[PDB]
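Colleague: Below, each chain spelled out in residue letters.
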Amino acid sequence: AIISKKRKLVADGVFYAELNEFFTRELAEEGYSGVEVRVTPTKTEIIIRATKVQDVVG
Amino acid sequence: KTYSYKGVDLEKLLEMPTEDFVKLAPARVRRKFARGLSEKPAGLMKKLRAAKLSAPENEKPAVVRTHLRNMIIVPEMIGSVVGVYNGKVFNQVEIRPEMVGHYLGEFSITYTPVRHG
Amino acid sequence: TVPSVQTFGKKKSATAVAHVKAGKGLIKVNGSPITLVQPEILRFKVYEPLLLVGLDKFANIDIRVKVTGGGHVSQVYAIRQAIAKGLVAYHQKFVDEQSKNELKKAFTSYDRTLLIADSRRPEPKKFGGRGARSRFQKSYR
Amino acid sequence: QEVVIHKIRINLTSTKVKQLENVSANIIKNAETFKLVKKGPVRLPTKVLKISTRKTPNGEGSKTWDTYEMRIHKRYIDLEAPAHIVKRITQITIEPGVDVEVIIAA
Amino acid sequence: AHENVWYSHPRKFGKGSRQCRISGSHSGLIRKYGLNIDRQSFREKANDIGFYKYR
Amino acid sequence: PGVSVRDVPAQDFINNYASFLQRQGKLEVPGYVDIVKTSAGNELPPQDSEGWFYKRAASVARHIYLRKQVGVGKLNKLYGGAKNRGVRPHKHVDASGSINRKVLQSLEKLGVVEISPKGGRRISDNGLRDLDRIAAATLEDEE
Amino acid sequence: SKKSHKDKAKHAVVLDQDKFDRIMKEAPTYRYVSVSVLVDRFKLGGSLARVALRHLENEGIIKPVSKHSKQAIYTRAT
Amino acid sequence: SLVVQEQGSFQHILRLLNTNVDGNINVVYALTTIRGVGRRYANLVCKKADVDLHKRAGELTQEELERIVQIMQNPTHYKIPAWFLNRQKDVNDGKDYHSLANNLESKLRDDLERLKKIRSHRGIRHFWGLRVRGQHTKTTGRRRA
RNA sequence: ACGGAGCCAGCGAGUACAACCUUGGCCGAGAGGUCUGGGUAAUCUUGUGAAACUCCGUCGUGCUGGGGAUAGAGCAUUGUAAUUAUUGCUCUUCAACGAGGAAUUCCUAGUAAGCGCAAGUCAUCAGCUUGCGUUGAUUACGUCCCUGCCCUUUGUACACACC
Ligand SMILES: [Mg+2]
Ligand SMILES: [Mg+2]
Ligand SMILES: [Mg+2]
Ligand SMILES: [Mg+2]
Ligand SMILES: [Mg+2]
Ligand SMILES: [Mg+2]
Ligand SMILES: [Mg+2]
Ligand SMILES: [Mg+2]
Ligand SMILES: [Mg+2]
Ligand SMILES: [Mg+2]
Ligand SMILES: [Mg+2]
Ligand SMILES: [Mg+2]
Ligand SMILES: [Mg+2]
Ligand SMILES: [Mg+2]
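Top line first, the protein sequences correspond to chains D, P, Q, U, d, T, Z and S.
Just so we're aligned, residue 3 is where the first sequence starts under the authors' numbering, counting upward by one.
Just so we're aligned, residue 13 is where the second sequence starts under the authors' numbering, counting upward by one.
Just so we're aligned, residue 3 is where the third sequence starts under the authors' numbering, counting upward by one.
Just so we're aligned, residue 15 is where the fourth sequence starts under the authors' numbering, counting upward by one.
Just so we're aligned, residue 2 is where the fifth sequence starts under the authors' numbering, counting upward by one.
Just so we're aligned, residue 2 is where the sixth sequence starts under the authors' numbering, counting upward by one.
Just so we're aligned, residue 28 is where the seventh sequence starts under the authors' numbering, counting upward by one.
Just so we're aligned, residue 2 is where the eighth sequence starts under the authors' numbering, counting upward by one.
Hints were generated in silico from the structure; no laboratory data involved.
Any given hint could be a false lead.
Distance ranges between label pairs, derived from CB positions [stated by the list, open to error]:
1) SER28(Z) - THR77(S): 41 to 51 Å
2) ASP142(T) - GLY87(Z): 15 to 25 Å
3) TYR33(T) - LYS18(P): 21 to 31 Å
4) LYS140(Q) - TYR33(T): 49 to 59 Å
5) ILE116(T) - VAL116(U): 12 to 22 Å
6) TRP79(U) - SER101(Q): 48 to 58 Å
The calculated EDC-like cross-link candidates involving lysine to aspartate or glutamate, where the alpha carbons are at most 20 Å apart (straight line), are [stated by the list, open to error]:
7) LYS80(S) - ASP131(T)
8) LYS117(S) - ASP32(P)
9) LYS47(Q) - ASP98(Q)
10) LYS30(U) - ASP14(D)
11) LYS69(T) - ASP131(T)
12) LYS18(P) - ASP23(S)
13) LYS64(U) - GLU45(d)
14) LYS118(S) - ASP94(S)
15) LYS33(d) - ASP14(D)
16) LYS32(U) - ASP14(D)
17) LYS13(P) - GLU65(S)
18) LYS61(U) - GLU35(U)
19) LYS53(U) - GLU94(U)
20) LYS128(Q) - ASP80(U)
21) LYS8(D) - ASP49(d)
22) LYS44(P) - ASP21(P)
23) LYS7(D) - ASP92(U)
24) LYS94(Z) - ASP13(T)
25) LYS14(Q) - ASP120(Q)
26) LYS127(Q) - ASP113(Q)
27) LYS33(d) - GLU28(D)
28) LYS8(D) - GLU94(U)
29) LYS96(S) - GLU106(P)
Every residue gets a Cβ at the ideal spot worked out from N, C-alpha and C, and that includes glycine.
Modelling step: build the complete structure from the supplied sequences, incorporating the hints.
Modeller: Below, the structure is given as structure tokens:
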């Protein structure tokens, strides 16, 4: 949207923190280890590094 | 000199509409009324008038007692007897003609006077 | 084109950019005659390089200095540095090495920061006090 | 027929630097191997974003304070360029972290 | 709990108009750049936010 | 033999141009003058009981001559220093806008200023020449 | 605290013709002249100290050496 | 520059508005000595009176004194604005008076006992002789008499 | 001190699912309101034309034009709601105060001190606080005497350790 660049960057950072705390909360039993957020013009992919990959996959 | 408000003598004061008071009554209350008032003081004044008319014309009308403190003393409510809440008890107060302009909370001393020794 | 060089001088924030050309003794800072710097007491300071060397040294030269930033004394010192640096740069570039040599000797021989920039610069204020190296006060009781 | 010069304008953004710098390097290398006219990768004052907080959560202790920050770099660029090659350049060579925006200068 | 009396009071503004979004606290809140989070929650999550101690 | 306003010392130039406006009957003076503080900062009027308006106009015209274009708010910030806020630490408070607006309107009425396209006021040709003449005369009076 | 100064007017608020005679023949024999000195001789209150001193610059009785404000420094015609 | 001062004409002690003033002070600040008269007010009154700013309180003539006092007691006729006054409106009669010294104490007092009679918090506090403007008093004042 | 006049900064921040920074043109003495603007940001506020300071005047040793608390009245502004005075502005009132006992704090160069400005809080509110810059020094460039600290040696009935 029409949002200042600094505000948008802070929003992206707090969204990163969003996901990080989310995954720590839920995926812990499945061995969550880290998160990354990569963005293309098309889609915003979230790459989830975990110990037990299949259980996260389900 | 009995009393006059701004050259509006007490006799003239006795029954003036609030809108007439608006042109008098310096900037604070002026801004208040200009910026609407609320629903509640309508009910307060209605209750006051009801107690005024119902009383048998010889005694000070029955205690109209309420928690609404921000209300302000307008001409067509002189003579009523209001219990203005205090945080403990509705402090009783009659409405002298000089009460006008000020607040109802003014006569509800929110704290007992402090004394040492 | 007219032989002309541009220099700068600084004082903690204040920047004086001087452009010197082959002119007729034209000396304007902010488009005003140099005689009218407001400090009025730091006034001699804006003259200060010239009197060291003698204004005859620049009779075929014109100097215009645009200056920004700083306070007032900082502004004046930046103007001084700009003037001196412009003289040195022009004389070195177009006149002769020895000419620049006596100019540098005369400038450095008096108030060394007249030619060289001052590095003396404020440092951040730490917390716990009104100044970078001050503390509020203590009670003890 | 899309021969009209577009005056396309790019603006980058990055919390960090090296990704932004190599992205700009890639954009300029693509433009130059495509024979485009460019106004160079201008450098803008990296806006520092500072927050000073009290370390202690309770206020007890000697007054001690800290200053977190980022330093954002924008560094817009601009081309006098046609569409398809340039729009394809815009949609390629993006790494994470660096955010890119495009305005057509229509 | 009258539908027009329960939670009647406005909250367009003031201290309680906004929450920590991490703990829902009111005290020690930061509103700069829209963080809307409190002192110390910021104190540890800032590194993942992108903040780092420099000076 | 050429000269400009930037070529003349300031303070004496402002007072000279103020006196020239004083002797001339132009520059109509609003009625509410001689009572206003010219700034919320001020608590005593101008010490000059009459004619301070002319000096203010001189300063304003000189200032517009110096800059590209200026509005009333720029003057308001420029004029006026610090309150003695009783016990409060001083801050800056902007001067009175009525004085600056009336000064600008009067200058427009005289014709030394015109409303710039960019938004604000700027100096016209004839007024600029007027200030040039005043500058040359002040320099001559100096020597 | 207590007004123990015991100070009278210690100056002159409105001049005398005799006071004008004093100041007129007084410019000689005082080689240093300043508003401070003129008040110091009990003869000028100080509000009119500058007034009188400027008046002395009517026939060039006392030439200026530095005419800055906050003071006034002059020396007799010699 | 200076004048011969016209000995035999400079007033020393004046009695204006049944209050005594000293003639050696500048006229504006001299008039400030009267209660209910400030420096700004006295200055505007003086300049409305055409009497010079740089005069002394002993050098003005008697007709000038009469002009000054009639100005100072009836401002509204003399294009002194409806504001600027000591007691604008006067919450009794709605006409903008400007109280002078003795009238000033009389009226301020009568307002104080009106507030006492009104029995407002302002009134009760004024009766108590504490801080009435709602300031902190836990550590302030602590000592008057 | 008060009038005028001169007219220099640097850190910031700023409206979105809403309503910020506000230029300019209006009007009003003022706070202010008003209509159009620009600005999601080296673009506009902004060159934040800030203060101290600079120059010319007035005042003149007077608790005085120092000092501005405490006090009446008015005009507005944020707010559902300002009374127990939010804040601003206008007038008037002008108090206490004479360089501050024993004590005690901080400080060695862009330093202390003066001077403000931006940001946090914020709807409205700072005397706070972080940072920023400006005007910018006196005096050391040393010693364990007071208050402590390092380590070594020594003595101890101490080990909750000279409280
Ligand atoms: Mg300091
Ligand atoms: Mg000024
Ligand atoms: Mg002061
Ligand atoms: Mg004073
Ligand atoms: Mg001044
Ligand atoms: Mg700058
Ligand atoms: Mg300023
Ligand atoms: Mg006094
Ligand atoms: Mg000070
Ligand atoms: Mg606090
Ligand atoms: Mg040492
Ligand atoms: Mg100690
Ligand atoms: Mg033991
Ligand atoms: Mg013992």
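Colleague: Hint by hint, say whether it matches the structure.
Modeller: Here's how the hints hold up against the structure:
no. : hint                              : result
1   : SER28(Z) - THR77(S): 41 to 51 Å   : 45 Å, holds
2   : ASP142(T) - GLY87(Z): 15 to 25 Å  : 20 Å, holds
3   : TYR33(T) - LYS18(P): 21 to 31 Å   : 26 Å, holds
4   : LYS140(Q) - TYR33(T): 49 to 59 Å  : 55 Å, holds
5   : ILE116(T) - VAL116(U): 12 to 22 Å : 40 Å, violated
6   : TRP79(U) - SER101(Q): 48 to 58 Å  : 56 Å, holds
7   : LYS80(S) - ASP131(T)              : 36 Å, violated
8   : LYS117(S) - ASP32(P)              : 27 Å, violated
9   : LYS47(Q) - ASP98(Q)               : 27 Å, violated
10  : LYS30(U) - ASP14(D)               : 14 Å, holds
11  : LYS69(T) - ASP131(T)              : 18 Å, holds
12  : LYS18(P) - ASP23(S)               : 38 Å, violated
13  : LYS64(U) - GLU45(d)               : 15 Å, holds
14  : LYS118(S) - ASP94(S)              : 19 Å, holds
15  : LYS33(d) - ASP14(D)               : 15 Å, holds
16  : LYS32(U) - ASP14(D)               : 19 Å, holds
17  : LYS13(P) - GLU65(S)               : 36 Å, violated
18  : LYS61(U) - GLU35(U)               : 16 Å, holds
19  : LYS53(U) - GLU94(U)               : 8 Å, holds
20  : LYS128(Q) - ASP80(U)              : 10 Å, holds
21  : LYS8(D) - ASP49(d)                : 16 Å, holds
22  : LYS44(P) - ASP21(P)               : 24 Å, violated
23  : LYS7(D) - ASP92(U)                : 18 Å, holds
24  : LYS94(Z) - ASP13(T)               : 15 Å, holds
25  : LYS14(Q) - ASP120(Q)              : 8 Å, holds
26  : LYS127(Q) - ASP113(Q)             : 30 Å, violated
27  : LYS33(d) - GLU28(D)               : 30 Å, violated
28  : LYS8(D) - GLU94(U)                : 28 Å, violated
29  : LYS96(S) - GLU106(P)              : 29 Å, violated
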